[PDB]
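The chain contents come next:
Number of protein chains: 2
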Amino acid sequence: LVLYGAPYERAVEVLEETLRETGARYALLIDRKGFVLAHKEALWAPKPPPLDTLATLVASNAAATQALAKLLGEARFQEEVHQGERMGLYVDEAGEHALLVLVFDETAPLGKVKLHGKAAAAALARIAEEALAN
Amino acid sequence: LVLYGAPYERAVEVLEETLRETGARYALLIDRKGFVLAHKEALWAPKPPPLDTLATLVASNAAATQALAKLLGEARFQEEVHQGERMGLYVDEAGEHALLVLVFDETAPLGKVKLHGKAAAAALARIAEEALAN
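Going line by line, the protein sequences match chains A and B.
For reference, each letter of the first sequence is one residue, going 6 to 139 in full-length UniProt numbering.
For reference, each letter of the second sequence is one residue, going 6 to 139 in full-length UniProt numbering.
So, partial list: chain A residues that the calculated Cβ filter (under 8 angstroms) puts toward chain B:
no., residue
1, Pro54
2, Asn66
3, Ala72
4, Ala74
5, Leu77
6, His87
7, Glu90
8, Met92
9, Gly93
Simulated from the structure, these hints should not be mistaken for laboratory data.
Ideal Cβ positions, reconstructed from N, Cα and C, are used throughout, including at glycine.
Take these sequences, add in the hints, and give me the full structure.
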């Protein structure tokens, strides 16, 4: 589902708030398939590596987790934190039709993001349903 | 790299030990690409869902993580725990050419596995190098 206009800014805005709230580089909402809906960044941050890719990788990574989810007694997982030695990337669903992906570094706590992800998902999924209905 | 014979049992054995050590369902070593090298299970456990798939999914999931690893200032991540509401699956590399994947449930602690994964990787990677050299 594509985003545009007012409830797009709305989806834009929420990303902006988390950036303050998590002191980290790039937050990005995307539909499940892999097409970037939006992408908002930190003023204090360097240029963002081909985000056009990033997300479609996480969506390419989507049914890479879920497919395993069977044995584990579940349809799919949502929340997942992938930290590297220096920097780490956040991974989560924003509805049944949207994946939020944030990026974070050292200048953020493994805890302060987890917290400004999932709530914000619940904020952006509300936005999702509104972008497909009415 | 294929495994066979003595140093295969050797790779077999290590899996067996962790099963005791982590009280959990299925441990599996695989080469990076997606072809199951081995798979050892728990006597107390139910039949294992198409493992032939499971692993080639984690390998299908391989360069699904790594590709993201660029921005995060690293080549690749190794250790990753994917828990579902009931059960969770373990994800890790066993060398530059092997992925170990264990499965665990409620009847195991998120901590007792992490611990019997990575060391065992270091055990099985030693086995990897030995299976390609000499």
